[PDB]
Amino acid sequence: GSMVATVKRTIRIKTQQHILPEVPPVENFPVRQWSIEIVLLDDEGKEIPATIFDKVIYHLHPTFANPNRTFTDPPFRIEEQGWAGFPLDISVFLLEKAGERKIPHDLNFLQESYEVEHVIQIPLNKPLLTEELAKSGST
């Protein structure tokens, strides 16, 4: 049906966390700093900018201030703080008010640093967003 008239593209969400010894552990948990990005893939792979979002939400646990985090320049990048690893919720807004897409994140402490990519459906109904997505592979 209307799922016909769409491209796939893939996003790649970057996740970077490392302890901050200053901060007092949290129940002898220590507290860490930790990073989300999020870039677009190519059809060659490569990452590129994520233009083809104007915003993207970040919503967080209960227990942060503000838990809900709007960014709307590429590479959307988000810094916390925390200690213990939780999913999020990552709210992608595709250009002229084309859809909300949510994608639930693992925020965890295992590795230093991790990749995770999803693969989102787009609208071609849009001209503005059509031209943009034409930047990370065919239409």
Given for the second form:
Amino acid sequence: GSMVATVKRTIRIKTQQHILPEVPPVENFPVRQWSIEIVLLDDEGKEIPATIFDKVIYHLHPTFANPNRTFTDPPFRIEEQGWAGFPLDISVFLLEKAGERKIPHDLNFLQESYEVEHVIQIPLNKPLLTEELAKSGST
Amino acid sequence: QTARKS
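Having gone through the form solved without its partner chain, I am curious about the other one (the form deposited with its partner chain bound); can you provide its structure?
In what comes next, the whole complex appears, and the chain from above leads the way.
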């Protein structure tokens, strides 16, 4: 029904992490610096700036201070320090108030860096968003 | 590398 009037896009969440040796381990667990960024993929699979979002909010574990962190410019890079991975929620806000999407992400220390792809459905009823969507594929 | 929060 109402979901017919949408296009799909794949976004790629990019995570990196490494130990900070100058930070005392917590219960023998080392503290790590970690970062998350978000890019968009085009129809050929190349990364391009995710300009279809005007805001990203990382909803961090409540062991973090001010755990809801807003970013407004691609690639919406967040950097933090911690000791244990966790599911976090990433809210991405489409241009022109076209809608919030909540992307589940798993922050973990299994790899130095790892990328995860998510498909979102985006409406075609906001002119400025529709023009932006043309940069990443058919509309 | 498998450290995780509750």
